[PDB]
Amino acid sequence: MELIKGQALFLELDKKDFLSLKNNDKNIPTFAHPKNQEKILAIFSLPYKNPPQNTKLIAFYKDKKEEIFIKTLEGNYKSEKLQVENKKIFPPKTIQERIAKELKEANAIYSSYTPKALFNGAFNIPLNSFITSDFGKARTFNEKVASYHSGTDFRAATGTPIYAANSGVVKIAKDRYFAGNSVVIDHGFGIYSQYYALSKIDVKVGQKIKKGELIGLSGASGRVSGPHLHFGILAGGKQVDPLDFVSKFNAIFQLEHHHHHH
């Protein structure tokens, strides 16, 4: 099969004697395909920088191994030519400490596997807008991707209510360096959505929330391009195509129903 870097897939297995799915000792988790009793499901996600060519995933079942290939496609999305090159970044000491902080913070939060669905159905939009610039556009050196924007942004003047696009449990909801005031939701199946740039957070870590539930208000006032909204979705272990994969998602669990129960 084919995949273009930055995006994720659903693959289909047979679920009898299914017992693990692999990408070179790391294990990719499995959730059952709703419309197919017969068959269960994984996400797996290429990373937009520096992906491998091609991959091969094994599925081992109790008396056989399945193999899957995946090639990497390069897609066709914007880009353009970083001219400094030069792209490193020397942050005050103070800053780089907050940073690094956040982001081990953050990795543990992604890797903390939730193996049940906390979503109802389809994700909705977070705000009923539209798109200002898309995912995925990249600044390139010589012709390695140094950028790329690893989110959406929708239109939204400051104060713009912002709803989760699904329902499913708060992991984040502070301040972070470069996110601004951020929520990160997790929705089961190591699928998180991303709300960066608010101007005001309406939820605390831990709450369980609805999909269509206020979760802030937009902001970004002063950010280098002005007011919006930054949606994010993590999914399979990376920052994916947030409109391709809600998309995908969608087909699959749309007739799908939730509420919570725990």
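Positions refer to the first chain, counted from 1. C-alpha atoms forming the largest set that superposes within 1.5 Å between two forms make up the rigid core. Compared with the form deposited in another entry:
- Here the rigid core is superposed between the two forms, and of 145, 118, 122, 106 the C-alpha of 145 is the only one to shift by 2 Å or more.
- Once the rigid core is overlaid between the two forms, residue 181 does not reach a Cα shift of 2 Å, moving by less than that.
- After superposition on the rigid core, the Cα of residue 170 moves by less than 2 Å between the two forms.
- After superposition on the rigid core, the Cα atom of residue 208 is displaced by less than 2 Å between the two forms.
Coords for the form deposited in another entry, given the form deposited in one PDB entry:
This part shows the chain on its own.
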């Protein structure tokens, strides 16, 4: 199999006598295929940054082992040059404790696995065909610093209402240093959706949220300048192309075949 770096893949395996799916030492959790009761699923994701050239997974069954080979593809990522506030790439030493704190909090959330579906059918995606910066765009900040885009940016006037892409539990709902007013929702199965750069936050941590419920208003408080929604997905432990992820998830989990938007 082949997978573009920075993308997720839904792996389908026989359910009968299955024990474990392992990358190297890492256990990859599995969950029931929602339509085919002879199959189970796992989410496998490749990092955008420094991915392996090839991956070998092993599925352990009671009486056999199966090897799954995945070759990393480079894809067709583009690039942009951006001017940002200097503080966003050179934070003063005195604020780096706050950044380190917010990193530890985020890591605790993403390393906590919810072994049940909190979502409800397909993810909604924004009704918006003006992507100002796609996932994985290579970036040069202020002519000298490099990065890559870890989510997808949609042109939106400040104050555009933002609705949860699916049901789940809110895990983050505050201003964070780099990407501003931020909401993160746990959907179960290690799937998290992210909404950054907001001007207003209308949810609170621990709140159960339904698909299509208002979580805030779009803003211009993010790392990059300009009014936009930053939308992200973390799945399989990695930031992945969120529009691509939603397309693959929805093909499996949608309850109706119609168009999925709020």
